[PDB]
Structure formats: structure tokens, C-alpha cells
Amino acid sequence: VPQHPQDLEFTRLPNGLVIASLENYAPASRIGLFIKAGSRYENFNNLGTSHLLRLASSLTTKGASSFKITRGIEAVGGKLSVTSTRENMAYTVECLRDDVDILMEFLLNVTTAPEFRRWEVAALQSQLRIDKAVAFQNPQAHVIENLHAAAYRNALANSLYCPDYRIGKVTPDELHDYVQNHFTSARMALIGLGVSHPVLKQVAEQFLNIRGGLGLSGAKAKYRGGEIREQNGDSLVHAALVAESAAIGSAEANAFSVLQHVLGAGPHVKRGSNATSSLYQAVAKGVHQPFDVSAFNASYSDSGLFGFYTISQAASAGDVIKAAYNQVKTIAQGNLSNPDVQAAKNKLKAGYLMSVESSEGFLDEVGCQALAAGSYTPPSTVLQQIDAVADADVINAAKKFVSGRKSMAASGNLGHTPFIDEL
Amino acid sequence: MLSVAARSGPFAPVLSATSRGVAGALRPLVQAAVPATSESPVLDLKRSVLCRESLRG
Amino acid sequence: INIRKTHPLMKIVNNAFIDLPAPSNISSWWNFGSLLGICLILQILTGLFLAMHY
Amino acid sequence: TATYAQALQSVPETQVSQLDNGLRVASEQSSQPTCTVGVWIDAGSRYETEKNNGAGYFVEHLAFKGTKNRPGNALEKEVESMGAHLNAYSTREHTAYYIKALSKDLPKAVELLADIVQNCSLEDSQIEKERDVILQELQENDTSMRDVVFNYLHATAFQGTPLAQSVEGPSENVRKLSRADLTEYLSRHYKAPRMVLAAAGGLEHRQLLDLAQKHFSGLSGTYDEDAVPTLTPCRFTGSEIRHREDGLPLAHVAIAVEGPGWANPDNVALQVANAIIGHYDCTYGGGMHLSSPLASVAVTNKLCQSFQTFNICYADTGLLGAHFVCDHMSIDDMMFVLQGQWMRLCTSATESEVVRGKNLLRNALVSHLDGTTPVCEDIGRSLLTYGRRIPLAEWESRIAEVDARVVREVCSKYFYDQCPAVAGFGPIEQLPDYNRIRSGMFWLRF
Amino acid sequence: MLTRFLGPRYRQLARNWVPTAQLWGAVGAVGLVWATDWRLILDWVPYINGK
Amino acid sequence: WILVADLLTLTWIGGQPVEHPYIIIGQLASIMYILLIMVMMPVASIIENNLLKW
Amino acid sequence: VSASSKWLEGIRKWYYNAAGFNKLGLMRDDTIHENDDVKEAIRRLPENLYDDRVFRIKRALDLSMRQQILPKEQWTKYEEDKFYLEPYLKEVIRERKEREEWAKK
Amino acid sequence: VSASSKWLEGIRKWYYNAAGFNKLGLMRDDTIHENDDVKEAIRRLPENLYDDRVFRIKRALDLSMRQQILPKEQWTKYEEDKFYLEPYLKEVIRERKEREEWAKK
Amino acid sequence: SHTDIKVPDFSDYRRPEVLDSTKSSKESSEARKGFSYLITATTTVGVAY
Ligand code: HEM
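Protein chains in written order, with our numbering: chain V, 1 to 423; chain R, 1 to 57; chain P, 1 to 54; chain U, 1 to 446; chain Z, 1 to 51; chain E, 1 to 54; chain F, 1 to 105; chain L, 1 to 105; chain S, 1 to 49.
Simulated from the structure, these hints should not be mistaken for laboratory data.
We treat Cβ as the ideally placed atom computed from N, Cα and C, and that holds for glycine.
Just so you know, not all the hints are guaranteed correct.
[Said to hold, decoys possible] Listed next, the in silico DSBU-like pairs over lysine-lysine satisfying Cα-Cα at most 35 Å (straight line): (1) V/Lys345 - U/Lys104; (2) U/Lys413 - S/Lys26; (3) S/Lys23 - U/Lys413.
[Unchecked claim] Chain S stretches covered by chain U per the calculated footprint, using a threshold of three residues with CB under 8 Å from any CB of chain U: (4) 4 to 11; (5) 15 to 22.
[As the list claims (entries may be wrong)] FRET-style restraints, in silico, Cβ to Cβ: (6) P/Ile1 - R/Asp44: 20 to 28 Å; (7) L/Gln74 - P/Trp29: 55 to 63 Å; (8) P/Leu42 - U/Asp417: 35 to 43 Å; (9) V/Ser301 - U/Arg206: 26 to 34 Å; (10) U/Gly247 - P/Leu9: 36 to 44 Å; (11) S/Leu19 - U/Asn435: 17 to 25 Å; (12) P/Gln43 - U/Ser239: 39 to 47 Å.
Using the sequences provided together with the hints, build the complete structure.
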């Protein structure tokens with residue numbers, strides 16, 4: 001038995017830096033840094049410089065040689081990647097606890113020590129084009145990701161890639177500026193897992209001072225709702241039709257998560273009729289062929305939308321998508337069971353469970369705690385807050401979704417598809 | 001008390017040099033695997049995927 | 001890289017004998033050729049040595 | 001702290017047990033509030049015999065197909081309404097089936113597991129229809145062509161020879177699918193004594209035995225009769241073929257040299273060796289600084305579009321080696337790389353890398369041990385093959401014992417002067433002859 | 001610039017090549033023998049004694 | 001040009017049959033060849049380098 | 001290029017009035033014999049610079065063929081010469097000292 | 001490839017039982033010595049055809065090396081041979097007759 | 001749709017040692033390449049003379 005198992009220490013640096021040492025007695029090493037540098041903080045002054053930087057960790061560093069850095073990184077042979085999110089960019093090192101300091105040093109370097117070398121940068125450029133290649137690549141990178149690119153619409157769609165028209169144009173001015181403009185203690189979140197809150201505090205102190213963030217959530221990112229319309233010639237059509245949800249942290253946010261579960265998503269047990277949803281069960285009763293619809297969460301603190309990602313062959317798109325809306329209408333009827341509600345709470349709440357879970361999808365989930373939670377409203381309290389599940393707002397919500405301007409998204413030719421004005 | 005993550009099958013890229021890239025982000029879209037003629041490819045001007053390193057005690 | 005690929009004089013060489021792609025169907029019609037040169041070489045060779053005394 | 005080994009001890013201890021069939025039940029009881037409830041469905045990819053072709057893939061398509069104790073949508077009701085998890089991951093001799101659940105739910109799916117264990121039905125409706133969904137869904141469902149790549153490495157570069165035998169079996173068989181394959185050869189195959197009672201999560205092993213008796217009991221009791229031969233060693237194919245494609249736009253190339261399988265004691269360092277090998281990722285950056293010297297020149301020369309050390313498994317043998325991607329060029333120097341690197345390997349050892357890939361297997365070592373399902377299945381094949389579990393300090397022991405003398409030598413022992421797998425995909429002309437490429441299998445570097 | 005290949009690394013490299021080095025060396029030497037059959041060494045050769 | 005001096009120097013040196021002065025003469029000329037090239041020329045090179053300062 | 005360096009770098013100034021370089025108005029850095037390090041060194045050179053050294057070089061060839069030289073006035077200003085590469089170059093000296101370094105490692 | 005043409009094209013049938021081609025199962029058209037006209041002629045060839053002539057050709061090489069031949073049964077069916085190119089080819093004969101024609105013009 | 005291929009029988013060409021699916025060339029190879037290597041060296045040592 002550990003001396004009573006260490007409770008992860010949540011804190012904020014007195015400086016206004018997010019100071020998080022989650023004491024983990026676990027054997028391995030998990031090192032997060034959550035950055036407001038995620039796409040939200042991004043700006044139209046630049047393009048893909050986060051796609052870039054996302055590549056550019058390897059770049060020539062101030063006081064650290066990307067080859068020498070590569071020698072230490074390459075040396076321990078551990079896990080260091082900053083993570084690309086709309087909210088954050090996260091410097092991650094999972095490794096043997098020993099090199100942590102070096103890692104930390106590397107970390108300290110990685111974060112704080114860009115040289116942004118012209119020569120180096122220029123070189124780096126092409127690897128991006130490679131990157132965008134990966135980005136758009138395959139029905140995951142294409143029909144999911146490029147049809148994320150063909151799905152994701154707003155400044156969240158400000159890409160994990162860059163713009164084509166922007167191609168090759170990055171500036172080192174835009175580097176030192178960009179971080180100087182973007183990178184900041186405003187973006188500063190440090191999260192230890194496995195280490196000494198004291199030691200993390202040690203390097204943290206002697207190292208990490210910064211500041212300097214900026215303004216706003218979007219145009220209301222211009223709410224076109226409506227189509228991002230894409231002629232594809234996709235063979236089997238890839239169309240995805242966008243309902244909406246609610247903002248991050250919104251009171252109803254959780255409720256939106258319900259509605260998600262209500263229509264549900266991919267099953268925990270494979271190979272099934274998708275028997276579980278009016279979007280699915282009534283895609284089951286409704287639909288006879290390949291189809292998918294699901295709700296996103298594009299969660300600003302400010303706003304949000306949960307669409308339906310959709311999949312089907314062209315012929316039924318009017319048929320299906322209309323039926324989609326139809327089922328949506330049908331759904332918005334407010335007809336629901338109680339076992340719908342509870343067994344939902346089982347399904348989705350379990351969502352929070354595996355969603356919270358284990359050593360990697362700990363570091364990615366309990367590391368979406370060790371980064372992305374911020375406290376435990378425990379599976380006690382957050383699943384109390386989850387137990388705070390309440391159905392009616394899903395009815396009035398059914399209206400609410402029915403009530404807005406939402407988006408449609410097009411991959412294909414609409415010759416069989418609806419255009420949503422003709423809806 | 002600060003939250004980023006988990007809704008399964010959307011995209012918020014994760015990439016590195018040591019590693020490779022990916023985005024599994026919040027929201028779905030992964031459900032398509034069902035039909036007959038389940039086919040699937042390789043061999044022409046492409047990328048693929050899937051690596052990792054995992055071992056033991 | 002591969003010096004076989006790399007070395008310029010070799011670059012000829014591989015291009016000449018070694019790396020040389022050649023019809024697989026190839027037939028015994030061949031042999032004589034190298035023979036002759038071998039012959040020729042020996043020819044010279046001997047003649048030479050022959051010359052040496054003669 | 002208590003160092004990686006005394007952390008390895010400090011990493012808590014899993015436990016295992018043997019239920020009375022001789023039935024096998026092992027426990028990792030954890031803080032996992034959910035859990036991976038392995039009912040480890042032990043019917044794998046290679047476990048099957050010649051005319052038995054496809055019956056396990058069909059069985060896979062049959063695995064969730066619905067049953068009596070729980071009907072199909074009912075299986076979806078207890079199960080799906082429960083919002084639970086099921087997979088079938090099929091391997092040479094064994095496989096698994098996950099259940100993700102509230103540890104609270106622990107009994108329920110166990111119950112489900114049992115009928116899974118038993119009540120899976122061949123329904124002349126399903127057997128017509130779900131098996132029109134098998135005849136169809138399967139029938140055309142085949143064609144995955146990375147399984148014509150990676151399983152060209154398996155369905156080709158792994159031969160189909162009785163031991164090399166492929167997985168899916170014939171489309172002629174697809175027509176020829178039988179209840180005799182299911183009515184009979186499900187039973188005529190499926191044999192519980194080998195099935196795995198697999199415990200991952202927060203859990204009570206005492207309760208494990210309990211519910212075992214409660215439901216899981218009464219399984220292997222009916223078992224045996226005839227037909228249980230062993231593996232008669234022989235040679236896998238030993239060849240190459242280009243599916244000859246102008247249509248293959250760019251090589252998806254590859255190669256491999258022994259990958260793990262179940263058995264041999266050597267693969268330990270071979271693991272480490274494969275580490276020294278390593279996988280050169282296209283998406284990977286940093287080639288200028290790349291560790292695998294191969295990888296390096298590959299960057300400098302821009303010498304290929306991918307290579308990934310890929311370990312192909314059979315008890316005591318296999319092939320572990322690079323995937324690859326390339327244009328009209330690379331392959332030649334690639335082997336000059338690869339085999340030469342191997343040659344380089346077979347000679348050139350420096351402890352540095354040895355320690356490096358040691359740390360590789362350490363980190364990675366977590367990454368298997370780390371993770372709930374990875375640990376889960378890890379238990380599954382762990383006893384399946386092993387019957388033991390290399391303890392954290394056992395695997396860290398032979399691991400700890402790692403010896404670079406055995407690198408030079410043992411390298412020579414397994415590696416030297418052989419003919420392991422190489423498979424590109426596409427216009428392979430840079431594939432030299434066995435009289436060249438596999439002349440390249442030999443070293444004039446000395 | 002011997003320091004270039006002078007390091008415990010390349011040192012170890014030598015430690016590797018050494019036995020082989022003996023081998024190829026022997027190859028050369030014996031070659032000189034049989035090729036030459038030079039009387040100087042030839043004498044010691046028993047039953048390779050040619051008279 | 002100095003080395004050259006050593007050279008055609010060596011000529012006229014040979015330009016005499018074996019002679020008292022010559023003995024020493026060429027005797028030094030060799031040193032030159034060894035110096036004026038192997039030493040004095042290389043030594044020179046190093047020197048010029050030092051001067052270079054750039 | 002001044003008296004110590006008009007004697008010494010006045011092998012490059014007074015005695016490259018004699019050995020030509022600076023009185024030919026050459027670029028000090030440009031005098032480095034081309035090597036690999038030199039090569040990629042230049043590959044990393046600055047652009048406006050690149051043009052500059054270009055015009056310098058070509059011109060040098062020009063009078064060279066002409067076997068003439070610029071006005072002794074036009075002959076280059078002594079001292080007063082940016083060391084063009086030397087920050088960049090010398091940086092690379094550290095580079096190949098670095099590749100050379102971990103190389104040593 | 002039948003008796004007149006098993007004597008005559010039975011230099012290609014009975015006497016390419018003797019001269020080998022058709023008893024080797026060759027492709028009549030394929031026998032044309034490669035020429036430029038032949039060249040681009042094939043360049044225009046039909047696809048499924050192209051495969052066919054390919055397998056034919058390779059196989060021919062195969063037994064050739066093997067210095068064997070297929071079963072005399074497997075030896076090609078007489079007559080009963082599409083003239084593969086000859087529409088395409090002969091078309092080209094008109095082509096080079098056309099380039100050749102206005103050429104004459 | 002793509003997986004259906006198969007391969008032929010080497011027996012007619014097969015040397016004896018490989019006849020069985022029963023046993024490992026773990027024994028055989030060194031003997032086979034041995035015999036050949038022998039022959040080769042015969043050609044090297046003789047040719048040397
Ligand atoms: C440059 C290399 C060759 C040299 C140095 C060479 C020199 C000689 C000499 C000196 C003789 C007279 C001595 C004797 O008859 O044994 C001779 C004879 C001859 N060699 Fe060559 N020759 C050379 C290449 C050839 C070639 C290319 C041929 C044509 C195959 C050739 C065919 C002859 C013939 C026909 C004779 C006279 C017949 C005889 O051997 O009695 N030799 N050669």
C-alpha cells in the first residue's frame with residue numbers, strides 16, 4: 001500500500017501559470033504541458049503555423065541543436081510530442097523517470113528555446129506538404145479527415161494542415177512573433193504525472209516564467225450554419241449533415257452529451273445493427289445500407305454544435321438525409337423511455353468511464369485528466385454531475401436543435417442528395 | 001477544472017517526428033466498417049499507419 | 001551509397017558487365033564473344049610474351 | 001525510486017489461478033472501475049487445418065451472429081443495451097473477446113460470456129441469412145490488400161503451407177461453407193480446455209472462481225476425443241512474387257526477418273535486435289538526425305518512402321522487418337541497407353544502441369504493460385503461449401541479462417546466411433534475384 | 001586526426017575486426033607461400049618436401 | 001619558384017660529373033626537396049595559414 | 001586589411017596588392033577554398049549576400065580575363081570588410097563540430 | 001493454321017510444328033519482327049489484349065529456357081486464331097500509309 | 001475479393017532432404033549449402049593450382 005495513495009495536486013502558479021503536479025506513484029513517466037496555443041488562440045495573421053510548429057518541435061532550437069536535441073530525444077528514446085488541439089498544444093514526455101530532468105530540460109528547451117532558423121525553416125517547409133498529404137490521405141484521412149477538412153468548417157477547421165494559398169509562406173518573423181504573439185503563460189499549463197511536485201516545482205520555478213495571451217472566440221464563427229458544400233465524385237458518397245449542440249462548460253453541455261448518447265455513436269461491441277438509436281435503430285428500421293450520423297461537440301466556452309457525421313451511397317442521400325431530418329423530427333417528438341434515459345446514462349456515462357481511463361488513455365484520458373480534466377469532480381462528483389442527468393431538457397433540447405441554423409456538409413454530387421434549401 | 005478531450009473518432013491532430021501523426025478527437029465518424037465486399041487496399045502511392053512500441057516488465 | 005552504384009569508373013563497370021540488365025532468354029550463341037576477347041587477350045598475351053623473346 | 005526493477009516489483013503483482021476443469025482463470029484486480037472483461041475468445045487466425053479453412057473466420061462472422069439464450073437483438077439488449085464491448089482478435093493458436101464494463105457489471109457479461117461460450121447457434125435462418133450475411137458479407141468481404149501487403153506478408157510472404165497456412169481459406173470454401181463446419185466443425189473444433197478465463201480490471205479472483213462455478217463452470221468437461229496434432233517443422237514458401245502491377249502506383253514495399261511467434265528463448269534479444277532494427281516511419285520526421293543509420297541515408301539519399309520493422313510470428317520462428325515504400329529505385333540499396341545493415345548488424349555491434357533499444361523495450365515495455373487491454377491480452381497470450389507470465393523483473397531479468405556478445409554471436413546464430421521474408425508491393429524490378437537479392441543474402445563485405 | 005576513429009567506439013570496432021584481421025592476414029601469408037614456394041620458407045615444409 | 005630553383009638546380013647539379021663542391025651541393029638539394037616540399041613547402045603552408053587571420 | 005594586416009592580411013592587402021585578392025577587391029570570405037563544409041555553408045548563405053558575392057565573383061572573373069584590375073581607388077577599401085560568412089560559416093564550424101561532436105560521442 | 005496453312009502457315013503449323021511458333025502456341029501477330037511501325041502499333045494495342053500477348057510472350061520465354069514445349073494438345077489450336085493486331089495493325093498500315101500518303105503529297 | 005491465390009508443388013524439382021513437412025531444415029540447410037559450398041571450393045582450390 002502506498003502511503004495513502006497520492007491525490008494528484010492541482011494548483012495554479014502564483015504567477016498566473018497553470019501549475020499542476022499530479023503526484024503519480026505509478027512506475028512510468030507522464031509529462032503534460034497544456035497550451036492555450038491550441039487552435040482557439042490561433043489568428044488569421046498566420047496559417048498552419050500550428051500545423052507547422054506541430055512539425056517544428058524538431059526545429060533548430062535556441063541553445064539546443066535540433067540534431068543535439070535529437071541526440072537527447074533520440075538518446076533516452078522516450079515519448080515527447082506536443083499535441084494539436086483546438087484548445088491546446090501539449091508537450092508530452094512519457095519515459096523512464098530518470099531522464100525526466102533531461103526530458104524536463106529538453107522540455108524546458110522544447111518549450112522555451114526555439115531558434116527558428118531561417119535555413120532550417122525553409123527546409124522544414126516541404127515536410128509540411130508531406131504532412132497535408134497525410135492529413136487528407138485516406139478515408140480516415142480523407143473521408144473522415146479530408147472530409148474533416150470537408151467536414152470541419154470554422155476556425156476549428158483552421159487546419160492541422162495549413163492553407164494551400166498560404167503554402168510555403170511561413171516567416172521566422174511569424175515564428176518569434178507567433179509564439180511571442182501566441183505563446184505565453186496564458187497558454188501555460190504544466191502537468192506532472194509520476195514526479196515530485198517539489199521537483200517539478202523546482203525546474204518549474206528556476207525556468208518557466210512567461211505571459212501574453214489575446215482575445216476572442218470567433219465571428220460567432222460566422223454562423224453560416226448551412227453547407228460547407230463539396231463536390232466530390234466520391235464513388236460511394238461521403239456526406240455529413242450537421243446538427244448542433246451547446247458550448248463547453250454550458251449547463252446543458254452534459255445534456256448535449258446525453259442527446260449524443262440518445263442518437264449514440266460507434267458501439268463498444270462491434271458488428272451490430274446499430275440497434276440503439278432513432279438515429280440508428282431508426283437508421284436500422286430506416287436505412288438498409290451503409291450510413292452513419294453522429295453528433296459532434298465543437299465546444300467553445302462560447303458556443304457549440306453537434307452535427308451528424310453521415311455516410312452512405314449517393315442514391316439514398318435525399319432518402320437518408322431527409323429520413324435523417326425526418327427521424328430528427330421524429331426524435332424531436334419528445335417520445336422517449338425512462339430506460340432510454342437511464343440505460344443511456346449507463347452507455348454514455350460509461351463513456352466518461354473508458355473516456356477517463358487507462359495508462360495511455362490515462363495519459364490521453366486520465367491524461368485528459370493529467371492534462372484535460374483540471375480536477376476530479378470525481379466519477380463521484382462528475383458522475384454525480386453526470387447523475388445530474390435530466391431528461392426534459394433533452395426534450396426542449398430536441399426542440400432547440402430543431403430550432404437553429406445548423407450546417408450541412410457535402411462530399412459528392414447532390415444529384416441524389418438534398419441541398420438543404422430544397423430540404 | 002480544465003478540459004480538452006474524448007468523444008471518439010473526430011480529429012484534433014496528434015503528430016511527432018519520433019512518432020507519426022493522427023487525430024482521434026472528440027466526436028464520432030468511425031462506424032463505416034460494415035458491408036460485404038469488405039475489400040481494402042495497399043500498393044499504390046500511399047501512406048498507411050498503425051505503428052507503436054509496447055513490451056513487458 | 002552502394003559504391004557499385006557510386007564509383008564512376010565502376011559506374012561504367014556495373015553498367016558494363018555487372019549491373020547490366022540483359023535478356024533472360026539468352027542463348028549459348030553467346031559464348032564465343034568473350035572467348036574471342038579472352039582469345040584476343042591471350043592472343044596479345046602470348047604474342048606479347050612471344051614478342052618478348054621472338 | 002525503487003528503481004525500474006524495484007519499481008517493477010513496486011509495480012504490483014498480478015495473480016493467476018486454475019479452475020477445476022484444470023480450467024484456467026487469471027486475475028489482475030485493479031482500480032479499474034470499468035474493466036476489460038476478457039472472455040478471451042481463443043479461436044485464432046492460424047489455429048485451423050486444411051479443409052477447415054475459413055471456419056474460424058466464418059465463426060468470427062458467426063461469433064456475435066446471435067444465439068438462443070440471448071437472441072441477436074437480445075444479445076444486443078443485455079449487451080448493447082448494457083452498452084458493453086465485444087471484440088474478436090484472432091491469432092495463430094488463440095484469440096480473445098473483450099468486454100468493457102462497469103466492474104459493477106462484472107457478473108452480467110460473464111453470464112453472457114457463458115452463452116457466448118455455449119449458446120452460439122447456427123440458425124438455418126441466420127445460417128441462411130446472417131450466413132447470407134456470411135456468404136455475402138464474408139464472401140466479398142475478403143479483399144483487404146494490405147492483407148495483400150502485410151498479409152502479403154501473411155497470406156503471401158507468410159506462405160499458406162500447412163504450417164505456413166493462411167487465415168481466411170478458399171472462396172471455393174466460401175461457397176462450400178458447412179454446418180458440418182459449424183454444426184460439426186465448430187464443435188468439431190471449438191474445445192474449451194484451451195479457452196482462456198481472462199481477468200482484467202478491478203475484480204475479485206475469489207469471486208472469479210465463484211462465478212466460474214456459477215456460470216463459467218461446466219465447459220471443458222466435454223472435450224478431447226481425437227485430432228490434436230503438433231507442428232511438424234518444414235520450410236515456409238521461401239520465394240517472392242510480384243502481383244505484377246503497372247497499376248500499383250508506388251511500391252508499398254516491405255521485408256521481414258524473424259518475428260516473434262510463441263516460443264523460442266532467443267527472440268528476447270531478437271526483440272532487442274529488432275529494436276536495433278527499428279521501423280522507419282514515413283510520417284516520422286527528423287531523418288537528418290535519424291537513429292537507424294539506414295533511416296539516415298534513406299533521408300539523405302531520400303532513399304525510400306517507408307520502412308517499418310514488422311515482426312511476423314510463429315512459435316519459434318517468423319519474420320520481423322520493414323514495410324517500405326519506394327519508386328522505381330530503392331529496393332536494391334534497401335537490402336544493401338537492410339541485409340547490409342543486417343550484415344552491419346551481424347558485425348558492427350556497439351553497446352550504445354544495445355542500451356538504447358534496451359530503453360526502447362523499457363518504454364514500450366510499459367506501453368504493453370501500460371494499458372488495460374494491452375495488459376489484458378498480454379495476460380491472454382502470456383499464459384496461452386507461456387502458461388507463465390514473464391514477471392516485471394523476469395522480463396526485466398532476461399531483459400536485464402541482455403548481452404551484446406550474444407548480439408554478435410546469437411545474431412550470427414539466428415541471423416546469418418538465411419532467406420527470410422521480403423515483400424514489396426508493385427513493380428518490383430529492383431527486386432534482384434534470389435541469385436542476386438539472395439545472393440545479397442550472403443556477404444562479400446567479407 | 002586519428003582521434004576521428006580514436007574512441008572507445010571505434011576502439012571497440014577494432015576489437016571486433018581483430019580476429020578476422022588475423023584471418024585475412026593468414027590468407028595473404030600462406031598465399032605468398034604456396035604461390036612462391038620460396039625456398040626460404042619452403043625448407044621447413046615436411047612432406048611438402050619436394051626432394 | 002624557389003622549389004623550382006631547387007629543381008633545375010638539381011639539373012645543373014647533375015650537370016656536373018662527380019665533384020667536390022657538387023657532393024655537398026646536391027647533398028643539400030635533397031634536403032630542400034624534402035624541405036622545400038615536404039617541410040618548407042608544408043611548413044610554409046601552415047605559416048601562410050597563420051598569417052591569414054581570416 | 002591594415003598595416004599589420006596590410007603586411008600580413010597584407011599578403012591580402014599590400015601583398016595582395018601583390019597576391020591580388022583585396023586589391024582585386026575580392027571578398028575575404030570568398031577566398032576559402034571550396035569544401036563540403038564550405039559547400040553547404042554557402043548553401044545556407046544569406047540571399048542579398050548571395051547576390052553580392054555573386055557580382056563580386058563574376059567581376060573578378062571579368063577583369064581576370066581582361067587581365068586588368070579596378071582603379072587602385074576602386075581597389076577595395078582596406079579593413080572595413082564585413083566578415084560575411086564568418087558568423088554563418090563559423091556557426092557551421094560549430095555545426096560540423098556538432099555532427100562532429102555527437103559524432104565523437 | 002490448317003492443311004494448306006498447315007503446310008504453309010504450316011511452316012507455322014505443321015512446319016512450325018517444325019519451325020515451332022504455333023505448336024509452341026505462339027501468337028501469329030506477335031511474330032512480326034519489331035519495327036517502329038510495329039512499335040507504336042503495339043503502343044496503340046488493346047489492353048486486355050496487351051495482357052494476353054504478355055502472358056503468351058513470357059511463357060514462350062519460359063519453355064524456351066526450359067527448352068520444352070507445351071502438350072501437343074496444349075500446342076495451339078489450329079486455324080481458330082484471331083488476328084489480333086491485324087485490324088489494329090493494318091489500320092496502322094493505313095496510318096503510315098497516310099503519314100506516308102500526304103507525305104507523298 | 002483479392003485473397004484467393006495459391007502456389008505449386010516443388011516436389012519434382014525437390015531434392016530429398018526437404019521432402020517432409022515433418023522436419024526442420026534447421027538441420028538440412030547447413031548440409032545443403034555445405035555440399036554446394038564444397039563443390040564450389042573444389043572448383044576454388046583446384047583452380048588455384
Ligand atoms: C598484339 C598481340 C600480338 C602480338 C604481340 C603478336 C606477335 C606475334 C609474333 C611475334 C609472331 C611470330 C612468332 C610465332 O609465330 O610464334 C606471331 C604469330 C602469329 N600470331 Fe600474333 N600477335 C598478336 C595478336 C595476334 C592476333 C590478334 C592474332 C589473330 C588471332 C594473331 C594470330 C597470329 C598468327 C596467325 C601468327 C602466325 C602463325 C604462327 O603462330 O606460326 N596474333 N604473332
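#### Entry: 35 Å limit on alpha-carbon distance, applied to hinted pair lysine 413 of chain U and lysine 26 of chain S
11 Å, holds
### Query
Taking a Cβ-to-Cβ distance below 8 Å as contact, does the region 4 to 11 of chain S have at least three residues touching chain U?
n = 4 at 8 Å, threshold three: holds.
### Message
Just to be sure I understand the hint, the distance between the Cβ atoms of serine 301 of chain V and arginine 206 of chain U should be within 26 to 34 Å; is that true here?
### Response
Violated, since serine 301 of chain V and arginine 206 of chain U (Cβ atoms, about 48 Å apart) do not stay within the stated range.
### Query
When you take the CB atoms of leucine 42 of chain P and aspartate 417 of chain U, is the distance between them in 35 to 43 Å?
37 Å, holds
#### Entry: Distance restraint evaluation - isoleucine 1 of chain P, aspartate 44 of chain R, Cβ atoms, bounds 20 to 28 Å
26 Å, holds
#### Entry: Coverage of the region 15 to 22 of chain S by chain U (three or more Cβ within 8 Å)
Our answer is that it holds, as 4 residues pass the Cβ test (under 8 Å) against chain U, meeting three.
### Message
What's the verdict on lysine 345 of chain V and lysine 104 of chain U, does the C-alpha distance respect the 35 Å limit or exceed it?
### Response
With Cα atoms ~14 Å apart, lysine 345 of chain V and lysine 104 of chain U stay inside 35 Å; holds.
### Task
Mind checking the alpha carbons of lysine 23 of chain S and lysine 413 of chain U for me, to see if they're no more than 35 Å apart?
19 Å, holds
### Query
Does 55 to 63 Å hold as the CB distance between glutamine 74 of chain L and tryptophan 29 of chain P, or does it fail?
27 Å, violated
### Task
Check the following: the C-beta atoms of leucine 19 of chain S and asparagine 435 of chain U are separated by a distance inside 17 to 25 Å.
Cβ of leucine 19 of chain S to Cβ of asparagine 435 of chain U: about 24 Å, so the range 17 to 25 Å holds.
### Message
Holds or violated: the 39 to 47 Å window for the beta-carbon distance between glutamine 43 of chain P and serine 239 of chain U?
### Response
Since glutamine 43 of chain P and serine 239 of chain U have Cβ atoms about 45 Å apart, the given range 39 to 47 Å holds.
### Task
May I ask you to test the hint 36 to 44 Å on the CB atoms belonging to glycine 247 of chain U and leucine 9 of chain P?
About 39 Å separates the Cβ atoms of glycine 247 of chain U and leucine 9 of chain P, which means 36 to 44 Å holds.
Violated hints for the displayed structure, listed by number in ascending order: 7 and 9.
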